[PDB]
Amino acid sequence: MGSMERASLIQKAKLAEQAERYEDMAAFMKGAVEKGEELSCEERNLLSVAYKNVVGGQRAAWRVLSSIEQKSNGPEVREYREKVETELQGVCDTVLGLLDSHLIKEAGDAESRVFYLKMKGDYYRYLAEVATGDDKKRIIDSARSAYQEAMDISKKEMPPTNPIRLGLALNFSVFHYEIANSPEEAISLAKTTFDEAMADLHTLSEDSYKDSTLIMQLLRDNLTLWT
């Protein structure tokens, strides 16, 4: 990717998206990030979509295999679950590496800072899903810390109905419920987020209305599930 011009890497990421070639898309976006310029909103979307598709596939596979493994409890399912797990951890590490080496430090504005810290929280969370023992504790703490920093910035700098702020709060609530065994905090966060977002929805730009209303629906749906 080093040899290709940034504009070409972005163009190819877009082509890969159209072709549903998400591994390629992610690699192109990694190359683009490594050029050392900030990403635009569009480009952050490309980066996010690419890596989430890759890890999403791996997570789904891991869940299938882990279920078979648990139901079973020869060596094959354990071995193959471990293989997929290692690949998943590799992708998460790549993303966390990009965030640490390039994206978090180089972000100027609050929106992009919060987005990248949310992403850091998310990929530590995906690591936490497969972790055991003492490693798991450290990983969970890393996720929590990233999410909390993002929350702190978003509350100071961004409107309650901002889609990044909402997506972050939704994901942090999922972290509380599914990872941190904190249902009370998950529900309280989701309900507070929903109410405060609805209270300011009349100020939200039309450009964000579809995305913010979707996230608020997901908060509602999680709240129904959790209560």
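Residues that one form lacks are left out of the comparison. In this text, the rigid core denotes the largest set of C-alpha atoms whose superposition between the two forms falls within 1.5 Å. Numbering follows the first chain given and starts at 1. What changes on going to the form deposited in another entry:
- After superposition on the rigid core, the Cα atom of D211 is displaced by 2 Å or more between these two forms.
- Regions that shift between these two forms, defined as runs of three or more consecutive residues whose CA atoms all move by 2 angstroms or more after core superposition, reduce to a single one, 204-211.
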Contents of the next structure:
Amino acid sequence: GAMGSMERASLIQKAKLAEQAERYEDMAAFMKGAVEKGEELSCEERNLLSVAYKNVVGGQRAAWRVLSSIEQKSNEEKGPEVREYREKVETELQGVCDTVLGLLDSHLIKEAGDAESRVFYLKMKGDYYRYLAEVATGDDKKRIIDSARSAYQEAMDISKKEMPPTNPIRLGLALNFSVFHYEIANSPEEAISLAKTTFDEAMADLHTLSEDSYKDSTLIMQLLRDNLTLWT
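Show the form deposited in another entry, please, the one above being the form deposited in one PDB entry.
Partners and other molecules omitted; one chain follows.
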């Protein structure tokens, strides 16, 4: 495509430079170009792809929330501008989510056979449908929510069969799916139960880990605990 004339290795190198320069839109474009080369991604490359788009959509989500709050307060007649601009940001956000979902569907997920890669991509699929669900209101909102649920569920089923309970991808997946239950699916008890069981099963497997693996698993356990403290 747009990056079609640049070497895969140069796109990866430039994505790393873009992250150091905090140029996340560039980073996402370089990683989209890398995915479109058609080869599978390594662990490090999957993290570059996720970092790039998570930062781009994260900024859009924060702007959408600011605008949505102003719009709800307005509803003196300020005219159509707040709604129009919220709609503009919302369309942009939806476009980025559609782009990421399109990369996952063409063809990252179908080529991912190892449990670590397949879980990583299905967790991303759940996350980008979740971001679509945060702004959805029309006839497809139920279907968008169900698409997030289904992706997270398939990732959970693989992770519980193929990864230890301290694996950081398994932990991050459970963290994000618990956020889905609380914030999207109106299922706070499911969210709390998932976070608690995940935390406790990870705690019981920490004894198997090296110092560096322990650091990763306990970092995500603390995120689970932080949500549990907020929710209880």
